[PDB]
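K.L.:
These are the residues of each chain, in order.
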Amino acid sequence: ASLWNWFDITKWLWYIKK
Amino acid sequence: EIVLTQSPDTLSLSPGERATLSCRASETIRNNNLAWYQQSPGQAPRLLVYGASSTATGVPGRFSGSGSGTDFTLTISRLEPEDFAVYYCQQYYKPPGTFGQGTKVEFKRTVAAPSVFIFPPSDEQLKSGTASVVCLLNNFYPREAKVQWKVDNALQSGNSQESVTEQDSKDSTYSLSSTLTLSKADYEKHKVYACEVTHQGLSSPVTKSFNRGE
Amino acid sequence: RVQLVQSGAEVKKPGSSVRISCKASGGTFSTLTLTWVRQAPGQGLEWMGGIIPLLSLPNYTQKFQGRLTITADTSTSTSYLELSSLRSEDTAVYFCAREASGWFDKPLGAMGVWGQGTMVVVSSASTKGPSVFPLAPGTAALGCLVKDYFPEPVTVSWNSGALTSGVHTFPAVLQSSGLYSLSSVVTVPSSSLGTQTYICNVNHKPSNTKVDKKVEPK
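Residue numbers (the entry's author numbering), protein chains in the order written: chain P, 667 to 684; chain L, 1 to 27, 27A, 28 to 213; chain H, 1 to 52, 52A, 53 to 82, 82A to 82C, 83 to 100, 100A to 100G, 101 to 114, 122 to 133, 143 to 161, 163 to 164, 169 to 176, 178 to 187, 189 to 230.
No lab work stands behind these hints: they were computed from the structure.
Quick reminder that beta carbons are idealized off the backbone N, C-alpha and C, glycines included.
Please note: incorrect hints may appear among the correct ones.
[Stated by the list, open to error] DSS-like, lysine-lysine: derived pairs with alpha carbons at most 25 Å apart:
no.: 1; chain 1: L; residue 1: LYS190; chain 2: H; residue 2: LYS62
no.: 2; chain 1: H; residue 1: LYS124; chain 2: H; residue 2: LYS13
no.: 3; chain 1: H; residue 1: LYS100B; chain 2: P; residue 2: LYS683
no.: 4; chain 1: L; residue 1: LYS169; chain 2: L; residue 2: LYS93
no.: 5; chain 1: H; residue 1: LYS230; chain 2: L; residue 2: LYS149
no.: 6; chain 1: L; residue 1: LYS169; chain 2: L; residue 2: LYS107
no.: 7; chain 1: L; residue 1: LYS169; chain 2: L; residue 2: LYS126
no.: 8; chain 1: H; residue 1: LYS230; chain 2: L; residue 2: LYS183
no.: 9; chain 1: L; residue 1: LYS126; chain 2: H; residue 2: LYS222
no.: 10; chain 1: H; residue 1: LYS230; chain 2: H; residue 2: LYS124
no.: 11; chain 1: H; residue 1: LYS62; chain 2: L; residue 2: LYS93
no.: 12; chain 1: H; residue 1: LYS217; chain 2: P; residue 2: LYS684
no.: 13; chain 1: H; residue 1: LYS124; chain 2: H; residue 2: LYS217
no.: 14; chain 1: L; residue 1: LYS93; chain 2: P; residue 2: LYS683
no.: 15; chain 1: H; residue 1: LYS230; chain 2: L; residue 2: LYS188
[Claimed, not checked] A few chain L positions that, by computed beta-carbon distances, are all more than 10 Å from chain H:
no.: 16; residue: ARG29
no.: 17; residue: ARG45
no.: 18; residue: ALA55
no.: 19; residue: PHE83
no.: 20; residue: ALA112
no.: 21; residue: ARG142
no.: 22; residue: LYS145
no.: 23; residue: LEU154
no.: 24; residue: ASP185
So that you can see chain P by itself, here it is in the shape it has in the complex:
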């Protein structure tokens, strides 16, 4: 899963806040 991917965490933080 891209979930555990360190390179995708900032993208998830941006999507979760939006």
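Chains L and H: place on chain P using the hints.
P.N.:
What follows is chains L and H alone, placed relative to chain P:
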């Protein structure tokens, strides 16, 4: 770990020509998390392309990226003089991040054989305990050259260091210097000191040598 | 716009550790990745690791795990790299870089803003002025060998600057001893060796050393 292999190592072109640079990955980059960077001597890298095909804001329009899967391409549609630099691809798909080894875009020119010179160590250095022998290759092209040190016809290994100048902005040639360093005792033991040079412009290897004593 | 300012150059003995800082002027910092990249003299870029400051979450390539620590301070928008057990292979320029931001504010993954770099030299040497040795010579080559100095840089001229055409001053090499060495050469007419004096002028500001060496035929 994802390995990125760029090709070619050196691209030799002229201003106004089209440059095509390649980057091949050991593993499919499934979300196209591939970037291209530019670096000039003594400056920090600059982002050119992200997401395999999105040129960064402020980057000139002659830069564009394409490709998917494991094969990616950076195209410079028409080279300007400031575009002659080193380019790196980089993946940010799976940690760790990794760069390619880099591709240099140099100025194109006709093959030129080097002028070869050899310098024995000075007496002032010998009376200090060490001996340095210098082999100079002057104003040649291309940059790739093979310099071999031979002492009494014996191949030397692990006791020399070489340096190369930047491409000359007037005639587009390179110059190289190789330095062989020995102890005074080891230098005084042998007689024949030679540096053998192989280059694309030379029909056969060139050897400059001297006998310790002349 | 956004700029990353890094700390000054460092000289470290082998086995010691180095700490370097990177401060962002403005812009988003806590929710964007901050990565450290190094480049040995003459080689390519090497991705070392990064950090997400809000989560205090680092990620290191396996090569450096155990010697590398990357931290961040959100109040001052500053990141720190620390590399211990230094070896000669660690001599490099170390770059700080911040994730690029996209169409909305979408993190783009690539490194968009770069610091100016911090040079780290790993050497056991102390400050030393160079010894200048002659490289004795219808074209003739001659020069000076500027050997065993530390640290960089050294400036070289010929005949107090009156001789510029045909000069090649090579980039210095760091020898195994931890000292630098370079050569400067010039091509001159062979007929001029008997009547034209050739002097190489060497300056080494770190040791406040000036040297002039006459180069004459054997």
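K.L.:
Determine for every hint whether it applies to the structure shown.
P.N.:
The hints, checked one at a time:
1. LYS190(L) to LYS62(H): violated, 46 Å
2. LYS124(H) to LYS13(H): The hint holds at about 15 Å.
3. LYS100B(H) to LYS683(P): Distance of about 11 Å is within 25 Å: holds.
4. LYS169(L) to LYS93(L): Violated: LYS169(L) and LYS93(L) sit about 44 Å apart, past 25 Å.
5. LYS230(H) to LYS149(L): holds, 23 Å
6. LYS169(L) to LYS107(L): holds, 12 Å
7. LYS169(L) to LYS126(L): The given pair, whose Cα atoms are some 41 Å apart, is violated under the 25 Å limit.
8. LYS230(H) to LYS183(L): Holds, at about 19 Å.
9. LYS126(L) to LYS222(H): With a Cα-Cα distance of about 22 Å, the restraint between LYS126(L) and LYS222(H) holds, given a limit of 25 Å.
10. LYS230(H) to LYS124(H): Distance ~29 Å between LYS230(H) and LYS124(H) Cα, so the pair is violated.
11. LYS62(H) to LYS93(L): OK: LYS62(H) and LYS93(L) at ~16 Å, within 25 Å.
12. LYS217(H) to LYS684(P): violated, 56 Å
13. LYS124(H) to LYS217(H): Satisfied, since the Cα-Cα distance of roughly 11 Å is no more than 25 Å.
14. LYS93(L) to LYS683(P): Within the cut-off at roughly 24 Å; holds.
15. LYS230(H) to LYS188(L): Holds, at about 22 Å.
16. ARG29: Consistent with the label, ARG29(L) stays out of reach of chain H, its closest Cβ about 13 Å off (over 10 Å).
17. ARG45: violated, 7 Å
18. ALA55: violated, 7 Å
19. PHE83: Nearest chain H Cβ is 17 Å from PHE83(L), so the label holds.
20. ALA112: holds, 14 Å
21. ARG142: Consistent with the label, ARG142(L) stays out of reach of chain H, its closest Cβ about 13 Å off (over 10 Å).
22. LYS145: Check passes; 18 Å lies beyond 10 Å.
23. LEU154: holds, 20 Å
24. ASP185: Holds, since 16 Å exceeds 10 Å.
In summary, the numbered hints that this structure violates are 1, 4, 7, 10, 12, 17, 18.
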